[PDB]
Structure formats: C-alpha cells, structure tokens
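*Asks:* So you can see what is in the structure, the chains are spelled out below.
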Amino acid sequence: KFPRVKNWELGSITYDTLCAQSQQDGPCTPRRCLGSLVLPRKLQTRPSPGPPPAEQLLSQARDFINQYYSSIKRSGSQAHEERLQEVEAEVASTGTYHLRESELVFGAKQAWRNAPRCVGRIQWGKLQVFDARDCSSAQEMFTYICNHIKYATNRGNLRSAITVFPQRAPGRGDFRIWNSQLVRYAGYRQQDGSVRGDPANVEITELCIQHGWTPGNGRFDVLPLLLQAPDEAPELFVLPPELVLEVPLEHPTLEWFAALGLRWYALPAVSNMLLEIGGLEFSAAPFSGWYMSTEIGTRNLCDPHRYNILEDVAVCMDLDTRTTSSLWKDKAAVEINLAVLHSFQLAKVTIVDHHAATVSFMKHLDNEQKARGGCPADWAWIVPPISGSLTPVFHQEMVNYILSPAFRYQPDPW
Amino acid sequence: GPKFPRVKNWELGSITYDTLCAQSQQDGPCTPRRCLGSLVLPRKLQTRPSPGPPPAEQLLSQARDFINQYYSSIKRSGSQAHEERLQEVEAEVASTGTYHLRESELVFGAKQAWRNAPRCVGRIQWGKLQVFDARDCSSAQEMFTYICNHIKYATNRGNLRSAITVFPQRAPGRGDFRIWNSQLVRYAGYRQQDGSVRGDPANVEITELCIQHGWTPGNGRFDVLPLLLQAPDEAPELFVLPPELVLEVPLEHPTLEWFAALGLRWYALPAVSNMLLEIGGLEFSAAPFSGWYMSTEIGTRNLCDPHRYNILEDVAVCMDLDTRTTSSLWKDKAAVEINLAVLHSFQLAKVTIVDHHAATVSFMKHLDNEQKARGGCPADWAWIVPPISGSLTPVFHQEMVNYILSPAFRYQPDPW
Ligand code: HEM
Ligand code: HEM
Ligand SMILES: C[C@H](O)[C@H](O)[C@H]1CNc2nc(N)[nH]c(=O)c2N1
Ligand SMILES: C[C@H](O)[C@H](O)[C@H]1CNc2nc(N)[nH]c(=O)c2N1
Ligand SMILES: [Zn+2]
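Chain order of the listed sequences is B and A. Residue numbers for the first sequence, in the deposited numbering: 69 to 482. Residue numbers for the second sequence, in the deposited numbering: 67 to 482.
Nothing false has been slipped in among the hints.
Okay, the calculated beta carbon distance ranges per label pair:
| hint | chain 1 | residue 1 | chain 2 | residue 2 | range |
| --- | --- | --- | --- | --- | --- |
| 1 | B | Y477 | A | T391 | 29 to 39 Å |
| 2 | B | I140 | A | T389 | 42 to 52 Å |
| 3 | A | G261 | B | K431 | 19 to 29 Å |
| 4 | A | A327 | B | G261 | 50 to 60 Å |
For the chain A half of the interface with chain B, some residues (derived, Cβ under 10 Å), not all of them:
| hint | residue |
| --- | --- |
| 5 | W76 |
| 6 | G79 |
| 7 | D84 |
| 8 | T97 |
| 9 | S104 |
| 10 | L107 |
| 11 | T366 |
| 12 | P372 |
| 13 | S393 |
| 14 | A400 |
| 15 | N405 |
| 16 | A424 |
| 17 | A448 |
| 18 | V451 |
| 19 | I454 |
| 20 | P460 |
Stretches of chain B that chain A covers, calculated by requiring three or more beta carbons in the stretch to come under 8 Å of a beta carbon on chain A:
| hint | region |
| --- | --- |
| 21 | 396-409 |
| 22 | 459-468 |
Calculated directly from the structure, the hints in this document are not laboratory data. Even for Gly, the Cβ is constructed at its ideal location relative to N, Cα and C.
Using the sequences plus the hints, can you model the full thing?
*Replies:* Okay, here's the thing in structure tokens:
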C-alpha cells in the first residue's frame, strides 16, 4: 500500500504514508501512467450546474476544520466541536458556509505546502495572507492587487504573499483575473505569423486589445489586467509603472549581452489558479514568491515557443551553430542563466538558482517526512530544466498525489 | 473527445491520442490515488525468479498472444499456418509444460522488446538489430565465446552495430543461464581503507564478487572487470576479456588542453547484460544487448554523478571556477565541457556516439512513426529527457504515456 521511496545518490530509504490521506484521484491507473501530462481534464476544477452535494461539502469541511484545530493543537476542545456545529448548521441551511480569517490563513499556507509542482515549499510557513473576501467590484480587485504587488515586491526584497478574493457562489459568476500572471509581456502576432514579444501571451494580449487596450510594439510591453467581477464583463486596468519592478539583463563578463535589450520582471505572481479550502473554492487568489533563475533564463528566454534567444546569444558568443554536437545550445543557455543571476543580484532583487533551490527542497522533504510521513512531489516539475542530474532532486524518488487544501487549475473564463 | 489518453506537445501545440496503451496487459505501479512514475524499480517492471514453471494456463495465454502478434506482423493473421502454430504451441505446453520459439519468432520478439522499452531513447533504430541465436549454448565457456563474438561484431572497430545474443531460456527444474555483471564492460570499484572508492563506485559489489571468485585485482580508476558467467546448476566461472576486444576512448577536450592530462576515459560499447528478455511468457535470463552511447550517459551520469566518478569539482578547479558558491553555475559549466569532451574524443577516435540533441530529435521522429504504426508509444519521461539541458531538448515539451507491453526487457534479481 505504502510506497518505498529511495534516494539513489545516498542509498537512503523512506516510506510515504501521507499518500493515504489523499481523497482526490490523479490521472494515472495501473494500466498506464499519465504523470508527465501538464493538465488532465480530471483534476481540473471546472464550473458546475448547481450547488455541490451537501454530504460531500460537509465531509470536506469537517475534514478541514479537523486539520485546522489539530494544527493549533486544540483538537478536541469545545471550540473545535462548536466550529464543526457552526459549519453543519450553515451548510444544512444555506448549502454552503464561510471560513474565519484564521482558518483561511492556515488553509492558504497548507495549499502551498501540498503543491506537488512547487520547489520552494521550504518557505511554506512564511506567507502573507491578504483577506479580500470583502471585495465587490473589479475596481476593488485592482486596488487589492496593487497592494499585493507593492507589498510582495518590497523594493527588491521580495516577500511571499497571496490575496484571496470572494469564494464561488452557486447563484452567480466567478471573480476572475483573466491574466495568467499579474505581470506578463505582450505578444503581438505579426503579419508573417511571427510574434513580437512573449508568444505565450498572444491570446491574452488580443483580449486586452479587444476590451479597449491601446497596444505598443516592443518585445517587453507589460500588459494591463483584465479583472472580472461576477456576471460582469472584464474591465481593463493599467498597472502603475512604479509598481512593476523590472531587471535589465547583462552578463558579468560578456559586455555585448546588455546590448541584447533583454529584461524580466521581478515578481512571479500566478493569478489563474483556483484555491480550494475545505470544499470552498476561490477562483481569484493570486499568489507570489520569488523566481528561481531557470524559470527566466531557461524556460522564458530559451524555450522555442517563448522568446527563443538561444541562437542569437550563440552567434554573439560566436559558437558553431552548424552541429548540435558542438553543444552551442548548452553553452548559450548556461551564460543566459548566469546573466539572470548576475543582473538580479546587481539590482538587489530576490532570486534563487536551481542548485540552491533544490538543496533546500531536499531539506524540505526531510522536514516533511518527520512532520507528516511524506510529501507529494511532481518529479518532472521539481527537477530544473537544465543540469537535471547535477541537482540532488534528480536522484530522489518522489510520490505524487492530491492533498487538500490545494491550488488547482481551472478553465479560462472566456 | 476519444476515450484514450490525450497527449500534447507544448512546443508545437499538436495533439495525439494513445490507443496502443489499450493493448497493455501488465499493470504498472500507479493508481488513481498516487503516481509512482519516478521510481526506478517499483515491483512492477521487475520479474522475480520463477523457481517453479509458470502455470500452464497463464503461460499459454501469453504464448497465444505472442503468436498472434507474430502472425500479424507478417500479415498472415487467422491463416492456416497461424492456427497450426497456435495448436503446435499448446501441444508442447500440454506435454512438456513449456514451448520453444522458431528462429524468426525470436528475431521478431527481440526487436519488439526494444521497440516496447519505455526507457530507451534510441528506439528509432529498433528495426535494425542483429539477433544472435545462442539457444544451443551448453556451457559457461561457450557463453564466453558467444559474448566475445558479440563484442567483436557490435564494436566493429568503432562503427558500432546494435546487437543482442540470446542464450537458452528458463527451464522448469533446472538452473538459469546468467551473466552476473550488469554490463559486458565495467570498470572496477575498489573499496578503500578510509571508506572512499577507487574506480567506479557503482561496481563495488560485482568487483568484490569477482575477487571472491579468483580474480586478482588491480588498483586503477579504469580497470576493466572480468565476466562472471553462469551455466545451469553450476557456480559462475570467471572469464577475462582480451584487451584488444575492449575498445576504449581516452578523453581529451577540443580547446582545454589540460583535459587530456586528467587521464579520463570510457569504453565504446554499452552492453546491458543483467536484464531478462520475456517473450510469449518464455524467460531468457541471459540475453545481453548493446547499441551505442548517447554522450550524456558518459559525460553527465557516469563521470559527473556524485555516486559515480564525481569529477565535476576536479574539472571546475581546472577551469578556475568559483566552486564556493552555487550561483556561479560552476557545476553547469564544467558538465558542459565534460560532455563536449566525450563527443569530441569519440568523433576523433571514430567511435560511434550520439549527442542528446540529435538523439532526442530522432526520438520525436520515432514517436511520429509509431503514432501512425501502433497508435502510440510507451515512454518514460523521466528517462527520455537527458540529464542536462532538458528543456533545450524537444522531448521535454512532449507529454508521454507509460505502459508495459510484451515482449519486454524486464529487471530481474541478482543471481547471488
Ligand atoms: C518562495 C519562493 C518560491 C519559489 C522560489 C518557488 C518556485 C517554484 C517553481 C520553480 C515553480 C515552477 C514554475 C513553472 O515552471 O511554471 C513553482 C510552481 C508552483 N509554486 Fe512555488 N515557489 C515559491 C513560492 C510559491 C508560493 C508563495 C506559492 C503559493 C502560495 C507557490 C505555489 C506554487 C504552485 C501552486 C506551483 C504550480 C504552478 C503551476 O502549476 O503553474 N509557490 N514554484
Ligand atoms: C542504437 C543505439 C541506442 C541508443 C543511443 C540508446 C540509448 C539509450 C539510453 C540513453 C538509455 C538510458 C540508459 C541509462 O540512462 O542508464 C537507454 C536505455 C535502454 N535501452 Fe536503448 N539505446 C539504443 C539501443 C538499444 C538496444 C540495441 C536495445 C536492445 C535491443 C536497447 C534497450 C534499452 C533498454 C531496455 C533500456 C533500459 C535501461 C534500464 O532500464 O536500465 N537500447 N537506451
Ligand atoms: C510535457 C512536460 O510535462 C512539460 O513540458 C513539463 C515538464 N516539467 C516542467 N517543470 C516545470 N517546473 N515547469 C514546466 O512548465 C514543466 N513542463
Ligand atoms: C529517481 C529517478 O527516477 C532516477 O534518478 C532516474 C531519473 N531519470 C533517469 N533517466 C535515465 N535515462 N537514466 C536514469 O538512470 C535515470 N534515473
Ligand atoms: Zn503515474
């Protein structure tokens, strides 16, 4: 039942007993493993044709309340039994319930802790939770978002934060941030099918223009936010420049790197995922921490379907682009990730390289084994995009499963 | 849409459906509750030893399935020869309790096992495999002759050729034919007095077994080990491979002149020998196979792994990198030059080798070929994506479905 987990670098073994607490099913079966798929339509928390069955919601709620009181050690106190009574009364009468701010804070931190694809969970206990459940308009969503950004950025000394907007109600539309991240660069599909900017943001850039945004023509034009209040069309909001801290990229030894004009924002804030706590769903709950260098230098800048700068840098470095055997791609990529670490460190902006991050994740796995008897992790996401075996996580076996609270993927509002 | 796993390529945005997984009849380690896809040896890819013959009914169903596969590949499914062969197999199983393959059935099954191997990135070459039938072999000495012939053929003075030698299958009430070594060519791993290791740390055990069996050890980092060959119901016999048979490549860097001075090297022929070839329910406990290397296997894993040669620090010190901090990316820089050295040295010595870019690109082609041919291709993402420069490679952005198909190459417990 319980999987034997092994580290091949050190020969050490552990048994994951935490996976037994999983109540939600993944995409795999004994016939075939689908663990490398980014998003199966299954785990995804899509819309519904009404209110969840009261029995199911109630059991997820009682479970969460049980988790919370256990955390503060008051498991069994009258406060626990009374909170469970309150939840039952509210659900039975209204088909739903609401969380207290202390519970929402514990829930947000626990959802991060339970996030399989996250390599920075060693910081899970240090999270600023902004309660925005008293938001009623898109204009309000914007002020809360700007507050999140100003707080998280902190002049360069980044701080992990999450802003939780109103939960989903069966009788109305969701509060949604249409942008995948709070900060994104525009992607303009040119004449020749080409793309000026970030090709990953072509669809959202089009939507922004459609809703009245006057576009630019640069490779790094920060997009405005499309915030949606229940059953209302999304509204356009331009982010104040002083709020968006950006870092111009230059290399420590290659003088010509700066000339490439590359730059990336400091704040990584995912804004399209759904936070589920005790059966309650928060369709708008942007979260942010700090970047791991490979996200920018390898994925964002070197992916073929992204900025695709590999060959440009290779030519500047004057490498042999004729054959793959010269390893020109590998050489260019290393210098690009180096430029990212150098530039952010020069600008006094928080980053963490993949070696430092993965070593900390290994410590986190150890903390978790002793604390909960395991830790759900997605090997394909945890192992960085370059120099995989050069990091300790590559040599670590991992067990992946879904625990709640959890951040889940959800359908696009359009 | 369709009731089969939807597979996507994120670089190109293309979609495909895996229908081939529908043919899988062997369960993997995963369940709807948890994914155990990253485990090297879950007890689902490993064939334990059968001290007793497989139940006639279970074996016969596996046998029928294989015969059906064979006749389908030659396009004579449902034919007279097909129904005859099926009858012939159940006749053998009826009286003897086992059966035997025809020459062409073994060649087909051996090629299909490679084709079905989820952890192999070189499957674009699956149709070109030299199958040596050694099912007549009766002694440990003969196994040696066969292995030596295999090495000569496969090595071909640098112009490597994929090959596999199949020894007699598992027989009920008789010992197995087993090659104790993990590969035909392995470097010794000497356990030092202080606790460290000289040579290859991966080979500490087998080295100790060779010593317990009469081998007189050396004291270098790259000492080729002798073979511990086992014939049925007999103790393993030690056989030293003649030096001229084992082609090696001294490592040197194209620009970093001091790299040659490091005295590093690696053998040309990658030949796995501790794996079990399962065809139609028949188990070939000894069936070494070989191809050619992918640069990262040597330069990244064998030479840079912390539990292997671990040379990253040595090379970084020579390149004068800041090994005091992670942010200098000294490990990344060094590893790149080490991989470049492996590629350069093999090309210079005219020994076949393929870099991780070329190999993965050819695996994408294979994936496209198999989509059209079988409606999918079982692939282990963790093993298909190279140990360095993952996303710079096209397979990283390719979702894969993993399942067990037979014939198959399966793990098996150590003879000892
Ligand atoms: C403290 C700094 C942190 C670092 C360095 C870090 C790093 C990472 C990395 C490398 C990824 C993969 C990103 C990608 O490839 O798209 C990731 C994903 C993720 N992280 Fe963390 N993380 C941190 C903080 C956070 C915080 C504050 C939360 C939530 C409260 C969080 C939630 C997650 C989740 C849910 C994912 C999956 C994202 C997705 O599926 O797109 N992370 N993190
Ligand atoms: C023609 C060249 C070939 C190349 C470049 C190639 C490359 C690879 C690579 C890189 C691996 C990973 C090994 C590791 O990381 O330990 C692998 C695994 C494997 N290959 Fe291939 N391969 C080729 C030929 C063969 C042949 C001839 C067979 C069999 C007839 C084969 C069967 C397999 C199997 C079953 C594995 C699994 C390894 C394990 O489970 O330990 N390959 N191959
Ligand atoms: C197909 C494959 O799952 C996909 O390319 C994954 C692999 N690992 C990843 N890992 C991280 N951190 N982020 C990603 O976007 C991906 N993409
Ligand atoms: C734990 C993890 O499965 C293990 O380190 C795997 C990862 N991917 C691999 N991939 C290949 N090709 N070869 C290996 O030996 C491994 N080891
Ligand atoms: Zn799985």
